[PDB]
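Student: Residues per chain, in single letters:
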Amino acid sequence: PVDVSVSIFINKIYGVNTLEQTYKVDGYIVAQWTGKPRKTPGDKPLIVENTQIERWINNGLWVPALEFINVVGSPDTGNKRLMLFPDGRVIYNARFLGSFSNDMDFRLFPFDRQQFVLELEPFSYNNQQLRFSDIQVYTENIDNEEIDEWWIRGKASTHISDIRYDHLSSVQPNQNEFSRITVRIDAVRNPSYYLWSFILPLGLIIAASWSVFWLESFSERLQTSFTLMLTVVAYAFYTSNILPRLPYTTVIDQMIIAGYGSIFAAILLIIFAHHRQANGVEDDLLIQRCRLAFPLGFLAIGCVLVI
Amino acid sequence: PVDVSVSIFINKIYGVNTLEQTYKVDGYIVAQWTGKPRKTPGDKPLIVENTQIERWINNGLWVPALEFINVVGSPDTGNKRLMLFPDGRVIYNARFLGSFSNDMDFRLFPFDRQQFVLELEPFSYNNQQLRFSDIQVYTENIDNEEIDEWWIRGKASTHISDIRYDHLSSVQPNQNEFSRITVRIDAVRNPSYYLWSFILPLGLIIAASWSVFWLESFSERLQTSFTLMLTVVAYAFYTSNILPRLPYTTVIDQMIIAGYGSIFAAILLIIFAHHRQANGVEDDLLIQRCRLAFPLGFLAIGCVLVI
Amino acid sequence: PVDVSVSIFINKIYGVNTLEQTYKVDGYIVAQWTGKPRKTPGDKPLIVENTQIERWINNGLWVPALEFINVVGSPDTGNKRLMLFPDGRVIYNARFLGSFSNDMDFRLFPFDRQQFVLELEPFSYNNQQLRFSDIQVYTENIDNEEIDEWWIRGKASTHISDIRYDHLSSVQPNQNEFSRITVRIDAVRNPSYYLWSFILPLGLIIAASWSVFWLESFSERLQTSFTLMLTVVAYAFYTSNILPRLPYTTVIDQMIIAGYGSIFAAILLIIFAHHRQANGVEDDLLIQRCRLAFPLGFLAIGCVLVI
Amino acid sequence: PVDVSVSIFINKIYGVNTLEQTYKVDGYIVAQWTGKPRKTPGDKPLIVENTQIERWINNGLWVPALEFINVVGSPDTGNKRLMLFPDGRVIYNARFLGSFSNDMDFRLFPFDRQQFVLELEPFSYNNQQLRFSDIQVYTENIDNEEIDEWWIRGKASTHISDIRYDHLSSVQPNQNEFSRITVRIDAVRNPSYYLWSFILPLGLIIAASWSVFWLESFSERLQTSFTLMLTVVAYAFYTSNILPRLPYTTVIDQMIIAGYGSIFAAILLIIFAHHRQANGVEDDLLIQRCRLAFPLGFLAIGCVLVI
Amino acid sequence: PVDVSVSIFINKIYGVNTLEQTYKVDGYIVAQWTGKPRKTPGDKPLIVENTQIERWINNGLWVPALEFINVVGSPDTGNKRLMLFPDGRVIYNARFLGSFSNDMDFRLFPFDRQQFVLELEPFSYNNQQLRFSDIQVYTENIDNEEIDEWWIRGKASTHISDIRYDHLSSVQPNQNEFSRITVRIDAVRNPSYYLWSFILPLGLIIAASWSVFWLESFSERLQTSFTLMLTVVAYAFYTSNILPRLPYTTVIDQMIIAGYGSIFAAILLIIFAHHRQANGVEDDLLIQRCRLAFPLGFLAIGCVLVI
Ligand code: NA
Ligand code: NA
Ligand code: NA
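Chains as they are written, first to last, in the UniProt record's numbering: chain A, 32 to 338; chain B, 32 to 338; chain C, 32 to 338; chain D, 32 to 338; chain E, 32 to 338.
Watch out, some of these pointers could steer you wrong.
[What the hints assert, rightly or not] Distance condition first, Cα-Cα at most 30 Å in a straight line; then the derived BS3-like pairs of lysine-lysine:
#, chain 1, residue 1, chain 2, residue 2
1, A, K43, E, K55
2, A, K186, A, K43
3, E, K67, D, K55
4, D, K55, E, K70
5, A, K70, E, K67
6, C, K67, D, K55
7, B, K67, C, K75
8, C, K43, D, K186
9, A, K43, E, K67
10, C, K70, D, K75
11, D, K43, C, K186
12, D, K70, E, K75
13, B, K186, C, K43
14, C, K55, B, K43
15, C, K67, B, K67
16, E, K75, D, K43
17, C, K67, B, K43
18, D, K55, D, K186
19, E, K75, D, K67
20, B, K75, A, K70
21, C, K67, D, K186
22, C, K55, D, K43
[Said to hold, decoys possible] Reference listing, derived: stretches of chain B covered by chain C, where coverage requires no fewer than 3 residues with Cβ under 8 Å from a Cβ of chain C:
#, segment
23, 33-47
24, 269-282
In short, the hints are calculated from the structure, not lab data.
By construction, the Cβ of each residue, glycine as well, lies at the ideal position given by its N, Cα and C atoms.
Starting from the given sequences, assemble the full structure and let the hints guide the process.
Tutor: Okay, here's the thing in structure tokens:
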């Protein structure tokens, strides 16, 4: 095979779309292999700029195509340089821009700890014809800085693995596995905006929903609970545009569920308190000891749910 | 005709847009036919990368164009390889990315069970000049995994059928039918998010709407019903952006209809209870036996509507 | 002139955007004219696939360009075949995809009855150099089926007319008129979703707004009317994203107007009832005979407005 | 210089985006200059269709590039004809489609009276090498018709002016000014939809906010004012998506401001009426003469604000 | 190296997207270097228009590619002129259009004072082979005018710095640093729209929330506070689409936080006032001296928070 050395530079990571679970990564790729010795004008290496490499490719120069596996849509490439040394090595430098995708598990939404994965693999040549020697990822632009609400932490993990493509074994009998480079960049979500915009207001809504039992008569406490459940419905919409549709529940969706449960349990308890009287003579105070028991049970529920 | 063998590899299915009834499928296509024996440099097969196939096509090589019938917009193709063996066969490998469309029947919205259809057909050569022998679809990347809220179940159904184009019979007298490959991938929607975000909150709203009859006087129960119907209007908006405009009613839209019906039937019954008095002396308890009859009728309605 | 025969095939009509008054039409166009006899390899006709027609065009073959007049944006063309018979005729087959536009009058919104218009006209050759003989439109894919909320009814109307371009008369003295093909496909909007999502809920809101006069005192009936007008404001937003900005009023906007009018007329009547007392001794029942007169006038208004 | 005559045809103006202050204009451009006499096949003029003009341009034909100065993004050109007469003149006909921009002053929003400006200027040749003789704009398609909510009024104003580019004076010593064509199309916004959707409902909200002073006690009138200010907040959102962010106030934003001012002045006046009692014995009627004075002052404010 | 002189002209800055922290800059770039003397037809300089420069580039002319570092997506270039003087200098004039990005710090949101940064750097040639001599930025189109809600103030700051690329040092031993031009355009946000749309309405909401303590009994003041907190929730949504997700709090988000704090502190104080009675005989006036103390503390909080 041909020993190909890659040096991926990351310019910036931007536009991390949580709803679509995609992100956009800019930067440069510098692939370098070796070939036969060639003659250049002077001792200096030749610079082959874009839209003119095609004359060299139609001349017979071996320029492989390196594609991104996990990309979404066509990667919007820009300028490209094919720098030709006369000692033998050929260097293909290109700028890439594309939307990449990952799994992006969302069990803990505001306190999330994710990673951004770049995958590179030759489109046509397998590991018997093109082998990746090593990659050095230069993430010095975003090594210790925060993009949007994501704090990039650590360096970039590099890994070279041989992926196997069973769909291509009908045209290649034995050699049908490809050398893939994986680049992993960790990212920790900053939870401050969610903490002061969704979590603590909903805690205040929960305390206000607890405040129904301090009232004195029945219609006023029903209207109190109903106008509280209306503003609980108000926060049901706000979370519909910050995280996608998930089979599980996150922290904020569990808080919405707890708000609905607290308010409707209060309404049912108030109804059962009102219809407690068989002949309309009994006072209703024995079941209304939930001024100091219902918040305690709610705190126990929250403490269990945190762990 | 020419016997063409296709091997479609599916990389990932993403972005299933329910409102537009489209979805995006990435992957590779490997078409393979046979031709005259040719000579290559060495015994090894020749690899013809992208943007250089045109020299071979202008030289006179037969490379058919395979289009997607059910695609929406232009399929955003990427890299392509035209691998030439010297024993005779020509292999056209290409990467595709495009938005596909299907019927996507939506009778049961959250408990839906749909399929994703890929259709492939030659654009110009009919079955008398190009015949699809067989297709093996390698859906091993998403064989037993869940994309977004869709759990992909089973393998990919393959079928080769001869479709007939009557619009082209004016230029082709007898042979005007084309061989189309259909690839069917089943998908079952995960109903959990809808279950805890729309169905059970609306059930709590229904019980709260039932709670009007436990009040004691008239103006308070009217205001109770009105502030309940306001939060029923609140959920009328939330469902407007999760499923498209349909002639029929789904489960959630039927629940909205049942909420409106319950609240307005309660308001009309309360009004008729108030105006039951001919001279203002009669008590109103005979018509207010719906504390234990109106929910029973609603449960009967729901049980009939489920089946 | 040259007699050109067109056979437009319609694959699917999708994405009818009411707010933008555009729609997207896929399918194929098959133009066919006649020319000098030519020699082909063998007796079989020659197939000229895409991205290779340019060699024949630079060789000197007459391939006219047929553009779409009413299209929005560039029509996203795909594959194209230039099928050359040796008996003389040249057949240009191409696939088109583009957003088309029409007037789309919206007097009756949910019970609308619209049409989809495709217009085709040569870009450069007038009727003295290129004449459309006839068109057969093969709308067999959507002849008797419903797209989105639009039921396609009937076949496709064909018409050939000579349009006149006065802007081009400075460069062409007498012959400056072009032969345009118009294809009309009727479509009837399915009114069910609007009927059970906007019309009947707003009727229930109207009846609830009528229900104010059954109350007994003043502050409660004002708060009743105010919390009803709030949920009338709630439906003012929902209709803002289903139909564009229009100088006139549709059915649903007239229902919103009637809701505002009913509620504010009720508020003004209640205020005038309260201030009817010169010295605070008069009872207010003479002006509150609108329990059986205000709905009757509203029904008369609606019956007049329907016709 | 070379005398160039332009004849701009306007097909349709669509998609006037008020928030972005852009609009889309379709149509054709017909540029015509004169040159050396040439020989054509026969006496007829030659038609040079698109994607084949490049052979004539590489042959040495002078085809200038005319760009649009005020365009947003790349103007999506379509088909183009380079019609060559043998008597000497060369005619460049092209179809354009692009998003144009203007200042679009918005002092009176619903009763606006705007214009749509098209600017054309050669990219490379100044007025010493290419001079625009005259332009005739053929706006006969939209001369007396209304697009969206904009009624196009009058014809199209034509003007040829020499614009000066000081950035290019380092490479051109004296001749660095360019001949620009400006095309002005007036448009009057139809105010009906805003009149019956925002202006008159907000007037009803204003009258309902005036209705607080007719109540009898304090808590009910506070809750009345609060539930009115809630639906004033409801219309604060609806206007956020119909006009962009502006330093000044339009008519509708002034109505929102007047609604907030009326309601909060009523609340402050009610509070000062309640705390008017030094010992709780005084009646509060002297300050509540605003049943017939507060609307009069509001009418004076509105009459001053209109002029 | 080669001395390259740049003269950037700015046509217009538009579409400053605060949520994405990007902006769009149109205009022209005029690069100019020197080379060997050449012969042109006549004494006049040669004009090389677009899509024909490639013949000169394949002939062997040195045209460097200048890229934008901070751009988002591919910069949508338009027309380009390569003006060749016979005295030796080569002038590359091109039009650019692209979305640029900056840090855009948002500590004070409505009273913001930002800058727009354009960065230009050769893609392939380092400072040993191409050196930027000087840049004159001609921002005369927007020198003293306001774009959208941004008032452009001052001229454009020019700076030439040598940036160092450590990722490219594996292919270049010592010379691996590039000359970058930075263009800084200051912009001050106009705070008027935010001042009369968010700041002063929320101040009125704060005063209305203070108004709870003037009521007389308990259930009415709870419902007062609850229906005030509902319209505080109403403004929590409106600010979600004008500024992005930030770790810190701006002015308006601090006002929302202060509104929630004031209302829930009032609710807690009212609850503690109600449960102040050990046996139900004590009057509650000592803790309700916050009619003249709670606003004073709130004013102290606001005065501290401003500085
Ligand atoms: Na309320
Ligand atoms: Na509300
Ligand atoms: Na919304």
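Student: Compare the structure with each hint and give your call.
Tutor: Here's how the hints hold up against the structure:
1. Taken as a hint, the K43(A) and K55(E) pair is honoured in the structure, with Cα atoms around 18 Å apart against an allowance of 30 Å.
2. In summary, the hint linking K186(A) to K43(A) is supported, as the alpha carbons are separated by about 14 Å, within the 30 Å threshold.
3. The straight-line distance between the Cα atoms of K67(E) and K55(D) is roughly 46 Å, outside the 30 Å bound, and the hint therefore fails.
4. At roughly 45 Å between alpha-carbon atoms, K55(D) and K70(E) are farther apart than 30 Å, so this suggested pair is violated.
5. Note on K70(A) and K67(E): the hinted pairing holds, with a Cα-Cα distance of about 24 Å set against a maximum of 30 Å.
6. A threshold of 30 Å between alpha carbons decides the hint, and for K67(C) with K55(D) the separation of about 43 Å lies outside it, so the pair is violated.
7. In summary, the hint linking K67(B) to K75(C) is supported, as the alpha carbons are separated by about 20 Å, within the 30 Å threshold.
8. The hinted pair formed by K43(C) and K186(D) fails the criterion: a straight-line CA distance of about 39 Å is larger than 30 Å.
9. This hinted pair does not check out: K43(A) and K67(E) have alpha carbons roughly 39 Å apart, beyond 30 Å.
10. This hinted pair checks out: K70(C) and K75(D) have alpha carbons roughly 28 Å apart, not beyond 30 Å.
11. For the hint pairing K43(D) with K186(C), the CA-to-CA distance comes to about 28 Å; that is within 30 Å, so the pair holds.
12. Simply put, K70(D) and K75(E) have alpha-carbon atoms about 28 Å apart, close enough for the 30 Å limit, and the pair holds.
13. Of the pairs offered as hints, the one joining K186(B) and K43(C) holds, with about 28 Å between alpha carbons and a cut-off of 30 Å not exceeded.
14. For the suggested pair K55(C) and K43(B), the alpha carbons sit about 27 Å apart, so the restraint of at most 30 Å is met.
15. Annotation: proposed proximity of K67(C) to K67(B) is violated, straight-line Cα distance about 33 Å (limit 30 Å).
16. Proximity of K75(E) to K43(D) is assessed by CA-CA distance (about 42 Å); at most 30 Å being required, the pair is judged violated.
17. Of the pairs offered as hints, the one joining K67(C) and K43(B) is violated, with about 51 Å between alpha carbons and a cut-off of 30 Å exceeded.
18. Proximity of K55(D) to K186(D) is assessed by CA-CA distance (about 18 Å); at most 30 Å being required, the pair is judged to hold.
19. Using a Cα cut-off of 30 Å, the hinted pair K75(E) and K67(D) holds, with the two alpha carbons roughly 20 Å apart.
20. Straight-line distance between C-alpha atoms of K75(B) and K70(A) comes to about 28 Å, which keeps the hinted pair within the 30 Å bound.
21. Among the hinted pairs, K67(C) with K186(D) is inconsistent with the structure: their alpha-carbon atoms are about 47 Å apart, more than 30 Å.
22. At most 30 Å may separate the alpha-carbon atoms for a hinted pair to count; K55(C) and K43(D) meet this at roughly 18 Å.
23. Counting residues of the segment 33-47 of chain B whose beta-carbon sits less than 8 Å from any beta-carbon of chain C gives 0, not enough to reach three: the coverage restraint is violated.
24. Coverage of the segment 269-282 of chain B by chain C holds. Counting CB-CB distances below 8 Å, 7 residues qualify, and the rule asks for three or more.
This entry does not satisfy hints 3, 4, 6, 8, 9, 15, 16, 17, 21, 23, going by the numbered hints stated previously.
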